[PDB]
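Consider the single chain below, provided in structure tokens and representing the form deposited in one PDB entry.
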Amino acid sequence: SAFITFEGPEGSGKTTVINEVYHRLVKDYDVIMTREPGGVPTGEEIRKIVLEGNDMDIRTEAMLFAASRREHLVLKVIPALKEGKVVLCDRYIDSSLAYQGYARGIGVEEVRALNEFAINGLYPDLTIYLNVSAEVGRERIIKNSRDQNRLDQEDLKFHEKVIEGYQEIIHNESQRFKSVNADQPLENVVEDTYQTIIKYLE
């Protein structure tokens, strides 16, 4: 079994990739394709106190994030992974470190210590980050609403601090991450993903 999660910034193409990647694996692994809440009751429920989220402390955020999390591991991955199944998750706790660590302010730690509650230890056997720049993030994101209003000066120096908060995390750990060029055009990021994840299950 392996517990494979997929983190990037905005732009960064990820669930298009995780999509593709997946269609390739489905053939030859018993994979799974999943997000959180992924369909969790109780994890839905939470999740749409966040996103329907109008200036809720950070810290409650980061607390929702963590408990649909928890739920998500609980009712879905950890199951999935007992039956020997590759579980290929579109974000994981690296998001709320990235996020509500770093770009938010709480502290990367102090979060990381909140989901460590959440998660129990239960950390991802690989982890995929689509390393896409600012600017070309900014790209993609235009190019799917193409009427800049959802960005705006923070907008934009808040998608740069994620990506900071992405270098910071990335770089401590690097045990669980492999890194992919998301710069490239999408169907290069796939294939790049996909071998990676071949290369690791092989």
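Throughout, rigid core stands for the largest set of C-alpha atoms superposing within 1.5 Å between the two forms. Positions refer to the first chain, counted from 1. First, how it differs from the form deposited in another entry.
- Residue shifts between the two forms, rigid core superposed: of 49, 33, 141, 156, the only C-alpha displaced by 2 Å or more belongs to 49.
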The other form holds:
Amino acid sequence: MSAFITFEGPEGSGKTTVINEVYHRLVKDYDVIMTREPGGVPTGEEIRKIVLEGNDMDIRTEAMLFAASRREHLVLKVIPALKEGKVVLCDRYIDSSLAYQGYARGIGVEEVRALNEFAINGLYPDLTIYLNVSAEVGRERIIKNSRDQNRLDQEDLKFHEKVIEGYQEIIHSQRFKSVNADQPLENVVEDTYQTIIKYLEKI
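Would you mind generating the form deposited in another entry now that we have the form deposited in one PDB entry?
Next up is only this chain, free of partner chains and other molecules.
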């Protein structure tokens, strides 16, 4: 049957790699799609461009625009797939907004949750993989992946720590499954894949 599976984690958690590798394994046996907001949905792309073009934009305005883009992605892409009985793998969803805008940026987690409950109208994921990386491991991955940087500055280090603190508060319901993302990526992929098959096959 259908399943809406989201992937969450801070920068440096291996998330992009993980979702892609898992998608490539799952597609052999499941009617699966992989997406990331706005996912090619034109209204979502237009909304997101307003944020990209913003100049010192108010963070609550940004959050509302992201929530609107989220809804467009959900109604025009995700829900149609779930109605066809597909497995939908989504790279970031409500929890990202809560950790980044709510906690790290300081709007407030409850405030951003209220906004996002309006946007999703009850459509919480069936399963959410939290790629649980420590700040230090994540930092090295971020430096490695960053084309132009060899060390992170203090502002970036602190923000990364605050995002992790936020996610830790959020994950402390049954939809969340944590995977140890401090392991080599090959193991993070394997643990994630096994977590998902157990959910899908109800074993």
